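In the form solved without this ligand, a lone chain appears below as structure tokens.
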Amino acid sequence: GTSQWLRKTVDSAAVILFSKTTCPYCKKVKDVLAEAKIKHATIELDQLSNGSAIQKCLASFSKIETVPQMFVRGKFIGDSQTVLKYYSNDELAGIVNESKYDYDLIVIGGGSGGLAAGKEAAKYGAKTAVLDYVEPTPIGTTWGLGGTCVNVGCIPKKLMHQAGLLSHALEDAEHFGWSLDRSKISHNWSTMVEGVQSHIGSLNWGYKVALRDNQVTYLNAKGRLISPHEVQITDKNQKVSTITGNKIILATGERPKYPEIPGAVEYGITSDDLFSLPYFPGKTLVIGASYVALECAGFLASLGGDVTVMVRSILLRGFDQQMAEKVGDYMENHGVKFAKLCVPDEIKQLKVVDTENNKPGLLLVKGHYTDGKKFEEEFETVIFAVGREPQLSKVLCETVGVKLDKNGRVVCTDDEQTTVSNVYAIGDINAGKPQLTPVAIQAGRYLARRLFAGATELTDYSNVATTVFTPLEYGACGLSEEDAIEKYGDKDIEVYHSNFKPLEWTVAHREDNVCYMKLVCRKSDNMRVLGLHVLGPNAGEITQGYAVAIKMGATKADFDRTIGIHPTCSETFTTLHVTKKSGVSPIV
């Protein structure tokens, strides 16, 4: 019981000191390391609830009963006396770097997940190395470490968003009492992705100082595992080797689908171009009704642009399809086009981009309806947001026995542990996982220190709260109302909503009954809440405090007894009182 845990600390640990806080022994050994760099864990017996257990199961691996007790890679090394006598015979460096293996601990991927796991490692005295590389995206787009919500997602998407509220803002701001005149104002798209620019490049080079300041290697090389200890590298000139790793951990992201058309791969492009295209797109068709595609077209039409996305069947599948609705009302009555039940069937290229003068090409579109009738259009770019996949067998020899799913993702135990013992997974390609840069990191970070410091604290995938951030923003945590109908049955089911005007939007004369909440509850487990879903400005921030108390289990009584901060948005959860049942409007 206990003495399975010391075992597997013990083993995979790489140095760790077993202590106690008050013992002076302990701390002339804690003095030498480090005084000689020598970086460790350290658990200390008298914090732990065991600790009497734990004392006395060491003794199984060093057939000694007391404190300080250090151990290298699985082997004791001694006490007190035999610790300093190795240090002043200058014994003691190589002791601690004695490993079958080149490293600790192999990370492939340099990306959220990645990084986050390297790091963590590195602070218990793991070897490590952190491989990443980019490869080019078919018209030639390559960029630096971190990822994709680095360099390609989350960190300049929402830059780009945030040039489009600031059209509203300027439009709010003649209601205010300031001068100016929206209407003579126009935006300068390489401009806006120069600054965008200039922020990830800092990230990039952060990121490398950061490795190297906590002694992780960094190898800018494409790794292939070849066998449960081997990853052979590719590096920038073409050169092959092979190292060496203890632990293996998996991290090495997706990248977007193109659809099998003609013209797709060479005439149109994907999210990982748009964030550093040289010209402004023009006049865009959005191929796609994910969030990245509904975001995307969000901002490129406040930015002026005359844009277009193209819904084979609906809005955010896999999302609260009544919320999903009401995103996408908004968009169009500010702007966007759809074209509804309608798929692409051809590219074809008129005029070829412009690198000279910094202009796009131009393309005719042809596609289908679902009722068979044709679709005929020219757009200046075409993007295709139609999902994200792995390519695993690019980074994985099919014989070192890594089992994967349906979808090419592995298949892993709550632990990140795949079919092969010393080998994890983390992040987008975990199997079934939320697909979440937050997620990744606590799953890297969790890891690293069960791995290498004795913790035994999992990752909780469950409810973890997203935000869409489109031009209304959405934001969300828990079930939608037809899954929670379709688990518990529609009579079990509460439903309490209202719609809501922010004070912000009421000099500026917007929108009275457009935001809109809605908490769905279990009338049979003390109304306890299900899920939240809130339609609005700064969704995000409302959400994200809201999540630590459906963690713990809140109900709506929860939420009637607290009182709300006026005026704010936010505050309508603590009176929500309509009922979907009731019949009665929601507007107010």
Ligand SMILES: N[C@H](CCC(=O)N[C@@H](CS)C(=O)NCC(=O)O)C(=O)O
Given for the second form:
Protein chains: 2
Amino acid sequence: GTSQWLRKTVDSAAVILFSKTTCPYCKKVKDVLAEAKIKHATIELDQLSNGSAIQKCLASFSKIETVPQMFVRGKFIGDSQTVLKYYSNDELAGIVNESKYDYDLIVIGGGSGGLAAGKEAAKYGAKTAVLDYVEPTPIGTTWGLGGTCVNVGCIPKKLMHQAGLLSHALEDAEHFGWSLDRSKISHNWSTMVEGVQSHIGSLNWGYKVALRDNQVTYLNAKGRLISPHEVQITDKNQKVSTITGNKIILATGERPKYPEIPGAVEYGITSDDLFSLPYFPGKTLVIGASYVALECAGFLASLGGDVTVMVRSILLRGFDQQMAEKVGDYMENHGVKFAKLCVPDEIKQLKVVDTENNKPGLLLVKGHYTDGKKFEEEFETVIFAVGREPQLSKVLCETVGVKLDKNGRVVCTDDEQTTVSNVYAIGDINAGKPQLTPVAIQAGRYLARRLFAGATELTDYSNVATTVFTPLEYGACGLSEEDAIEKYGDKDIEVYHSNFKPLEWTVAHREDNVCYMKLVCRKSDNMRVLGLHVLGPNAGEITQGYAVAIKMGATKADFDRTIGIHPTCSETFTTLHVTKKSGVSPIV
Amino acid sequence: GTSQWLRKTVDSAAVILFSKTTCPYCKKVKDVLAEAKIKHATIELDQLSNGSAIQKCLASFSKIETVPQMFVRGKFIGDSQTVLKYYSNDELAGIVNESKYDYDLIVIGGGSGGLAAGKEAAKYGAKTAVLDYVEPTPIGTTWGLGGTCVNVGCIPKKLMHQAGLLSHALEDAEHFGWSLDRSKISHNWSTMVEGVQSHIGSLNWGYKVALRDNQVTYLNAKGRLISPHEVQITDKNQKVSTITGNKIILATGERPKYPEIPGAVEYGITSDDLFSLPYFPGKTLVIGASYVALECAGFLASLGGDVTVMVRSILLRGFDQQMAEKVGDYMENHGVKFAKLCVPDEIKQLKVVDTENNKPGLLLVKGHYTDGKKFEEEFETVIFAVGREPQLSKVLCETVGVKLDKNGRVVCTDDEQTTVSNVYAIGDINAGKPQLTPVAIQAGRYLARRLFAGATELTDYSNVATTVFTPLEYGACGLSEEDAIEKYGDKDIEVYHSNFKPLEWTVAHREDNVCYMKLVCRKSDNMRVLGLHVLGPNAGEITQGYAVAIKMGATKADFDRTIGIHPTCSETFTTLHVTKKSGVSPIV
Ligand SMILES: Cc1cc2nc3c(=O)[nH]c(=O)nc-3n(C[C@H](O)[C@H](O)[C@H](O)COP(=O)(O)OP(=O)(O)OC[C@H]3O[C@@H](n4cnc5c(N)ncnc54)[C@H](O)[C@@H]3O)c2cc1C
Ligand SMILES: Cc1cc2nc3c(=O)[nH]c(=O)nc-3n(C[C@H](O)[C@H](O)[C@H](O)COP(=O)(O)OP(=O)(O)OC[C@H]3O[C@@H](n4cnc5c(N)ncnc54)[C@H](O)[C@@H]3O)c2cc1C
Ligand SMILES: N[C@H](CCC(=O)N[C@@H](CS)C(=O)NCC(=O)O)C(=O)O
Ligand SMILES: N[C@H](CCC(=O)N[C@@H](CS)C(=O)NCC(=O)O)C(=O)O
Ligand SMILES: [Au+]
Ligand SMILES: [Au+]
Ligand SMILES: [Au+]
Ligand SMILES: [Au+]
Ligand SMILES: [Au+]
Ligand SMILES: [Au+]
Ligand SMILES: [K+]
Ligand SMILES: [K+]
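Having looked at the form solved without this ligand, could you now put up the form solved in complex with this ligand?
Starting with the chain above, the whole complex follows.
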């Protein structure tokens, strides 16, 4: 262990200091490096069990066994006496800047993962470049630094979801004794959009400042890996140039798919366009049944929209199907219409989008049902949410040797390594991994720590918790019921479940037995919780704490002996007793 | 183990059936008992490891080792052939009803704990009586069945807290693009109260129906334990009578304290009166600094009230004091005034409460500061929240021998047993235990299971999570920072912390760095999480899931390797890095 770890650490770290907490010579270097503003990784050997073994192994790299020992890019440079001697002639700055490449790290893609990796790498003194370019949508929509998450993903989505939730809050308020007014109140799409885009703008700038303050070179350019250490860039003026980097992190993310039909690219929009849309969508058709499709359709209906969802087969493919049905049922009972077992054939333009009046055009949607029957209806806006795809053919030359799977995603090892050794991939482009922001963040941060700070900790991709932000939120963590049954057998699976109602909904006169939760369990493994599922308000806030417990290997008994907090929705998980095999109704 | 467990189980259970899942003779009895509607405990011996040992020990009680064996109140009555033989002559009903006392269980107090115990006991066929009486407040306020929680506690408190939160939702809504109107909106106390009391009414009736359906005798009477097995009752007509019970559960709860000063009892109200108060309190003084005091003052200010809190010394004594200060700071920045280091001397009436006009009176509050300076100000309503006390001198004769501590609470063992063997105490009256609803529920349910179903599981009272429902909610689970430091030493405690802001507050233009969370950890125990603390929206929904993890023995590393759900407030617990000893600002 010790031998292998040290070689890899020395060869990969840009600037690293092997040290002990109780040393005046180590402190003299630390104070010098802080004064010269030279960022570095610090390994306190007296804080490690194999610290004494490492010192003897350090002799193979430096000839000495004492501390401190400073290394720059796989090379020993000197001890405390020598480092302070270099600092005396003002030569140390040039030594730590000496490199074979332009950068220790090039990050292609300035999104969640890419920014997390870049910022973390810079902490330990790696010269880092972050490349970001936003290719315009068919209709020319572009945005700033931050990736999908900040600009056209989680952030604007949840803000518009909140705007939708306040519709219900306005209704509830009367029952709770507030004078209004709810029928005489309307929503303004433009007021909301500008507020949301104003917050997006501050994050765009926030990241630009963060990279600057962490001394990370930000380039607004399109990157292309032409060789393992060479990245071709293209700036705003179409200048083509080549930069070199020791390690390459690919974090280019995904973009929405378009079905191969006439009219789609011309007359339809995606989530990329919706969040900055100058006009209110109006009568809207959402083609697709992903979480994006349902979330978007969800708030649009809550913002006084005539919304139809066109579903090819099932809702939320990949998610628990019982839970998916309940998500849809709520939406259908609160305005959202569904065109079941339906696919589109073409979109004909009936009216052109009025730019100078902030109004949508008009589109004729032609499609067909599974049986063969025809679909024909007029919509003001058609939103495609039919999936998301990586576009690595634009990013990656075939000659480089980075292997991609059937879906065009980068095949990685458990430490994010591509088939090219110095090249890594994180985020949505990493095959088989949950496609979520914090996954990209943990991946990026941890990778940067392993590369430049000698860390060993890998990212755990199992039991990653999710929340679908539909009108009624759906939070999950672990396996679906059908997956657990398939993996272990029906006789080994016990499902505890209960309907419930938020206390806030009682006075507000909202429907009983709409909120549902369940625990999927393995009987032969001391009733181990394999999956947690909650449909209700703040389902994300509910699920999070439990994801830690499931990680630790929570059983049903661990839930039972914990005491609930009253009055909350979440406390219901602490007292579940009704099983599915008993057949007793989950109602309260 | 086996020997001792079986004797206790047989002697305590009212109706119990020792059985095996794979037996046609056992099924014949089960179908007979279900048909005759005779409720019973079932012990499946083939589902237990020491099941074979129990069968041999059952011979000492029944002479036989086969199953099924039916026991009634410490006595063997017959096997499958004999039980069906009794059912044939229609004699079985009389055998299972044969008792030395009127009831197998008498529960004194129809609140959270008492109703949980009673309902659970009835499941396993124990003849159960639940006694509840609500002594009128000085001003004559009374309520129905359900205890403090339902009528004058958690339920009406959180509903009025929600009504207060909607004030903020009405403000936020404009920023999120809704047309209003927020300055032209007012709140109506009477509309809210009647809605809240209407929900309280349905719970009052819900419990009456539940006890009936579970065949539990509900008596609206004041109980008094005069001997270990004798309970004296007093009904609505002042009829005095005596009922006998095998086991006695004391669940009489607490009532608010009054300071020993002139005017307090006459002209002041408590939380007992506030939740059904016909008039709006108006300019209000809250005397006290408990969670009740701050919660009440909190929503009253949010409902257009002029609110002052009179504090003797510190806020939320017993809670984390850093967290308590932040709770107060928010309140002070959102309308709530504080009279620091102040105590009351007397309340003089300036104006009598106008009953026929739904308006408060007027009171002169005279008090003094710690230095000696005088306090004098006019208030429309004075609310006392100076603590809560048990009133067991009214409930319990000194001759019975039930030991009480210095604060008048029942001293119990770890299985809720009083100094009298057949007498038990649960809920708020159980000394040293967290005074919360779900604690009373778990205690009651589990006790009933041990008494009448042969269960062994005790209630765990450690690391019970709390949430103070102030304008900004405060959720905690575990030790405070000062307690952890005291118990283990400053050098062994590491505190990770971070300020944060809800995504919903960005567009709504609310203050940055108001929401705060921390993890108190023990360095020498692999950075074990000793205490979790969160100040923010839905702090109860946030904390709950974590309480399970802490129960399992969560470390900081367990939080770190779990992946966050984005965008949520709770996810911030998964990425904490700033320690208090580093001195770096917790701001984002
Ligand atoms: C509508 C919607 C809602 C979502 N909601 C949630 C949610 O609630 N919770 C959650 O966890 N996740 C959510 N996500 C998913 C989440 O946004 C992604 O998983 C996350 O963005 C992954 O980050 P990434 O760095 O891998 O990709 P991105 O954040 O998309 O970053 C990739 C960046 O690289 C850029 N790039 C591409 N090619 C090049 C090139 N060759 N040169 C330079 N730059 C390039 C792209 O323009 C992009 O900015 C949502 C996504 C969508 C679309
Ligand atoms: C303002 C307020 C807010 C609260 N908020 C929360 C919260 O948010 N979360 C939480 O967990 N807890 C909260 N609580 C505390 C919680 O209500 C109690 O811990 C809970 O009620 C304990 O239940 P209990 O059965 O022990 O007592 P109770 O629920 O009070 O039941 C005792 C019952 O016995 C009756 N009784 C008394 N003497 C006799 C007699 N001799 N004969 C017959 N009956 C008798 C009483 O009238 C009462 O109805 C709050 C309390 C208050 C006052
Ligand atoms: N080696 C000298 C001085 C540093 C030194 O004396 N090394 C000590 C640090 S206190 C050391 O590592 N001692 C040997 C050990 O720890 O095993 C230098 O750097 O110029
Ligand atoms: N004992 C008879 C019939 C029941 C019987 O044969 N007992 C079986 C139940 S299948 C038994 O407990 N077998 C012995 C054992 O399990 O060890 C009766 O109840 O009238
Ligand atoms: Au995001
Ligand atoms: Au999609
Ligand atoms: Au709920
Ligand atoms: Au309660
Ligand atoms: Au109190
Ligand atoms: Au927050
Ligand atoms: K599809
Ligand atoms: K006090």
